[PDB]
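**Q** Place chains 5h, 5y, 5n, 5x, 5w, 5v and 5u on chain 5p using the hints.
As a plain string of letters, each chain reads:
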Amino acid sequence: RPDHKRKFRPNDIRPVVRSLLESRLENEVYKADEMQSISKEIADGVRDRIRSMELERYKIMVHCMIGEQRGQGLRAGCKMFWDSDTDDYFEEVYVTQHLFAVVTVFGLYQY
Amino acid sequence: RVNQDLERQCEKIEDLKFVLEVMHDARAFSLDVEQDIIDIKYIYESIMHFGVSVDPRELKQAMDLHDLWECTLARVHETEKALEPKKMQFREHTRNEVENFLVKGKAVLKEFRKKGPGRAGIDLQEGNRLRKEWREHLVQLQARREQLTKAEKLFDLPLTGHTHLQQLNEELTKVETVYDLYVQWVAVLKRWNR
Amino acid sequence: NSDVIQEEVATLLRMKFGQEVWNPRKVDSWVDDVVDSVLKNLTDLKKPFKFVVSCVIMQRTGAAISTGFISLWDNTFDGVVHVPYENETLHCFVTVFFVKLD
Amino acid sequence: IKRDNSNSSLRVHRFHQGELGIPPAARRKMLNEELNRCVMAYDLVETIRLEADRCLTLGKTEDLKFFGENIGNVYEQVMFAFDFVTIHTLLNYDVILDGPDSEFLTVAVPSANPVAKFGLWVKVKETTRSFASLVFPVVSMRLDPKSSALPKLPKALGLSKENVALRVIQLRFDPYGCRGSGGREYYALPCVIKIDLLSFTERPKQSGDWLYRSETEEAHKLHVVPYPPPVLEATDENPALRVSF
Amino acid sequence: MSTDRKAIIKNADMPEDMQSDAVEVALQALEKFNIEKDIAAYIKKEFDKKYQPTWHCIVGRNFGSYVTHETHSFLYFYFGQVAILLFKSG
Amino acid sequence: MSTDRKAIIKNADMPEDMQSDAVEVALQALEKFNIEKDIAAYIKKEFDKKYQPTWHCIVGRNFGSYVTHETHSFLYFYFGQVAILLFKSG
Amino acid sequence: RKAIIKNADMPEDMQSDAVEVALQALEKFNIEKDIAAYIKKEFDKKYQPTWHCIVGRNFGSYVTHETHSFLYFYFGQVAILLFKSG
Amino acid sequence: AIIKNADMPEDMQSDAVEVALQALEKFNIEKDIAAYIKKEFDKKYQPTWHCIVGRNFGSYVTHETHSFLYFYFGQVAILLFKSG
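Same order as they appear, the protein sequences are chains 5p, 5h, 5y, 5n, 5x, 5w, 5v and 5u.
According to the authors' numbering, the first sequence is numbered sequentially starting from 14.
According to the authors' numbering, the second sequence is numbered sequentially starting from 1163.
According to the authors' numbering, the third sequence is numbered sequentially starting from 15.
According to the authors' numbering, the fourth sequence is numbered sequentially starting from 149.
According to the authors' numbering, the fifth sequence is numbered sequentially starting from 1.
According to the authors' numbering, the sixth sequence is numbered sequentially starting from 1.
According to the authors' numbering, the seventh sequence is numbered sequentially starting from 5.
According to the authors' numbering, the eighth sequence is numbered sequentially starting from 7.
Keep in mind the hints are simulated off the structure, nothing from the lab.
It cannot be assumed that every hint is accurate.
Result set (DSSO-like, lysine-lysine): computed pairs, CA atoms no more than 30 Å apart in a straight line [unchecked claim]: (1) 10 (chain 5u) to 49 (chain 5u); (2) 37 (chain 5w) to 45 (chain 5u); (3) 45 (chain 5u) to 369 (chain 5n); (4) 150 (chain 5n) to 45 (chain 5v); (5) 45 (chain 5v) to 10 (chain 5u); (6) 114 (chain 5y) to 72 (chain 5p); (7) 1315 (chain 5h) to 49 (chain 5x); (8) 114 (chain 5y) to 150 (chain 5n); (9) 353 (chain 5n) to 61 (chain 5y); (10) 10 (chain 5u) to 88 (chain 5u); (11) 10 (chain 5w) to 1315 (chain 5h); (12) 6 (chain 5v) to 45 (chain 5v); (13) 37 (chain 5w) to 6 (chain 5x); (14) 6 (chain 5w) to 49 (chain 5u).
One-sided and incomplete, this derived list gives chain 5x residues near chain 5w with beta-carbon spacing under 8 Å [as the list claims (entries may be wrong)]: (15) 48; (16) 60; (17) 63; (18) 67.
Each residue gets a CB set at the ideal place from its N, CA and C atoms; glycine is no exception.
Just chain 5p, same shape as in the assembly:
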């Protein structure tokens, strides 16, 4: 049972995620091909970054989805099955004038 210093807890990587996303939206507008390319870059870069972080016996899957901005109201559904004694998951929603993006990241432990 990894602890505060060892359990996957969302407080560590989310500030990095938001900082990276805000830095990369500085000079881009929605365009589905490059948005897909950015999706691949986000997925593989985040996965390899966490794999190089090595939180103890944790494996992380990422969801990325970038859509052309339309300013709609949305509230998400969340339920699942877990041995989340040490496993964790979290979400994030942001809106830009050129796109909106929704991120859903889960995290499990080698039990």
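**A** Structure of chains 5h, 5y, 5n, 5x, 5w, 5v and 5u alone, referenced to chain 5p:
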């Protein structure tokens, strides 16, 4: 002091406005007032629990302060019931006067548009003098609207516009500002021709 | 199989999104409906394992979209399924994971 | 785990699986414990009736009705003991098989001068069949169809079903008769018998050292099968049966 | 001024810098004072200043969460230990 | 107005008649629902129906809220332990 | 050494933090008064008020669950209870 | 019937007489007496009461105004308080 204010008379319209506005503010901040009363009784009960000997008359005053504030608030509407026929006469007088002044101001704007110095038959210097006279008249109208604004605040009218209305009011303010800028440009032209 | 999961989830997405037209008051309801129904399906499949389902909705009046994914790991156990679709008013993309509880 | 956050003193860390398709013997022993404490509660019931009769001779009506409600509650907890044991007998059903095996689970309590009997039959394999009237070894109670010409019991039981069960309950007392003792032409005798049919959910999934079922709360709620249903009663085949005991 | 808060926030239909300024105004009011009612008064001046009248704000850690928004003019966010809501209506 | 439903009602910028109407809309919403969010929602529904958009209402126990409201668009009151605020903006 | 723990609705990381807190409080402090007041002080001042905690060697209780704040455990011959209330 | 610690008026103590009487008469294990006191006092004097029962203990105050009581009966003692 409030007990004495209710025990006296305040019939004069300025003193009448003063005591009603004070009453309204007290109602607005009686959150803070009763908060102070509760805190005072709270700390005094702490002292009593610790058993320090304090004046029993101080205790009677402390308990009766909130009770007499409630009796004071009852006396406020008791007094307002009697005053009501008097002050009301002033009230709708001010709504009607302010609304009529606004309508007459729109009519004066139409009259200024019809009778402005832009019509033919006027010399350039005479036209500029007439424009200056119209600007002075508009400044006097602004002063009159400030006096009626003091009336509106004294007679409970919503001064500001509302959402779209207030941004229209701000557009009118910007029109006045750019008129002042045009006056400054006229001064610059006066420097140029000199 | 991954294609079997894809076709079953696509069938349920057809049954859930056959004619629905956008209203957030109902869009959140459809998000909840998809989560409920696909997790119900995966619970019908439940072995001492782990199931993961996501639902995403977007509207179209001239927009575009494109998706893709790659994973890097010791590739023995875990799996992933991607199902795209579009209908009357909305694109529907649902990604399904199965995780083998070690 | 032991995580020593001192200066440098060492740590203890070790996990292991636990147990296989666990040997449940402690849980049969637990069921036996339930039975014995039911017996002891019964014994308390007789004792309290003795002292209640003492009060009846004297006239302490307050204590009389007191014991009334108390032992009524006692019988209520006895009923919870029965269905509680029923649920866990359902739970202990699966991992024990070294292969296809028998379908008996009956207990009589106590061994000497019995007061209650528990018995149950459950179908086990997909590789199973259907046969004649149910044979209960220890219960000494016989269920037969109306006529001996009938090879099996009436079809309303659902013999073709795989996930079905049936149970027998005997009691050497009459608990609820104390309430309606007024207004009667007749009086009862201390003997209560109970018969019912049951069903369950899943033939589970065996692979390796592990074995999976449905896990949620619905998997932890009883599936009562009252008999006979009106739909099967509408069938021309009468569900009446022979009872010997 | 501390600007050290890490948000746990997910609700958005509004401009982006106005999201950031809603965050910054709400947090800066708490920074500057240990006085809550004055903090709220500062909130209303500061944000009806930064993003026009009129905004209405409710601050606390016990209250329900639903309001009516001017279109693309509402932020719902959490910070520190307080749930905070900031919507434009008028 | 049952004894279990007694409340203190002293804060208002309203006409008295719809203040009286507030009693029965609260009664109807507390009869129809017991979740405070649901009671407030039904009060919001009926009240904004009868008195047009847009109203905002709140209930909580860690209160901070200071609003720029137009004239006769304010109401504040307790249901014993339950604190309720209501105004017009939108 | 390790505490016997039978209750939970509260995160594991600050379970470990509470275990180390009990370790320190037992190490330096040796009266139910000082240990209890101490643990209350640190646990409030680092996890925000208001924890209310009952420490002792023989008592019994249940009241109601407190939303994601739920613990009841044993160590040695003493027992400890911890929760939100206000 | 031992009472020396209180942050209360005195009428609720008059009620507390009988609630302690029934708490002692009905139940003995503290796990359920605590919940029983919770139900009775919450239905009579609103949420949220919280109760602790023990028979050799030392407890120091942590609460807010008029929300404390602390009493002994023989060896056993019972504690009650508002907090939320």
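**Q** Hints first: check each against the structure and report whether it holds.
**A** Right, here's what the structure says about each hint:
1. Our distance criterion of 30 Å between C-alpha atoms is met by residue 10 (chain 5u) and residue 49 (chain 5u), whose separation comes to about 25 Å.
2. Only pairs whose Cα atoms come within 30 Å are accepted, and residue 37 (chain 5w) paired with residue 45 (chain 5u) is accepted, the gap being roughly 25 Å.
3. At most 30 Å may separate the alpha-carbon atoms for a hinted pair to count; residue 45 (chain 5u) and residue 369 (chain 5n) meet this at roughly 29 Å.
4. Restraint check for residue 150 (chain 5n) and residue 45 (chain 5v): satisfied, since their Cα atoms lie roughly 25 Å apart, inside the 30 Å limit.
5. A distance of roughly 25 Å separates the Cα atoms of residue 45 (chain 5v) and residue 10 (chain 5u); the hinted pair therefore holds under the 30 Å criterion.
6. Taking the CA atoms of residue 114 (chain 5y) and residue 72 (chain 5p), the gap is about 12 Å. The hint holds against a cut of 30 Å.
7. Simply put, residue 1315 (chain 5h) and residue 49 (chain 5x) have alpha-carbon atoms about 23 Å apart, close enough for the 30 Å limit, and the pair holds.
8. Among the hinted pairs, residue 114 (chain 5y) with residue 150 (chain 5n) is consistent with the structure: their alpha-carbon atoms are about 28 Å apart, no more than 30 Å.
9. Under the criterion of a C-alpha separation no larger than 30 Å, the hint pairing residue 353 (chain 5n) with residue 61 (chain 5y) is consistent with the structure, at around 8 Å.
10. A threshold of 30 Å between alpha carbons decides the hint, and for residue 10 (chain 5u) with residue 88 (chain 5u) the separation of about 18 Å falls inside it, so the pair holds.
11. Straight-line distance between C-alpha atoms of residue 10 (chain 5w) and residue 1315 (chain 5h) comes to about 25 Å, which keeps the hinted pair within the 30 Å bound.
12. Proposed proximity of residue 6 (chain 5v) and residue 45 (chain 5v) is supported: the alpha carbons are some 23 Å apart, at most 30 Å.
13. At most 30 Å may separate the alpha-carbon atoms for a hinted pair to count; residue 37 (chain 5w) and residue 6 (chain 5x) meet this at roughly 28 Å.
14. Taking the CA atoms of residue 6 (chain 5w) and residue 49 (chain 5u), the gap is near 16 Å; set against the 30 Å cutoff, the hint holds.
15. Against a cut-off of 8 Å between C-beta atoms, the interface hint on residue 48 (chain 5x) holds, since the closest Cβ of chain 5w lies about 7 Å away.
16. Look at residue 60 (chain 5x): its Cβ gets to within about 4 Å of chain 5w, closer than 8 Å, so that hint holds up.
17. The beta carbon of residue 63 (chain 5x) comes within 3 Å of a beta carbon in chain 5w, closer than 8 Å, and the hint placing it at the interface holds.
18. Annotation: interface hint on residue 67 (chain 5x) holds; nearest CB of chain 5w at approximately 5 Å, less than 8 Å.
In the structure shown, no violation is registered for any of the earlier numbered hints.
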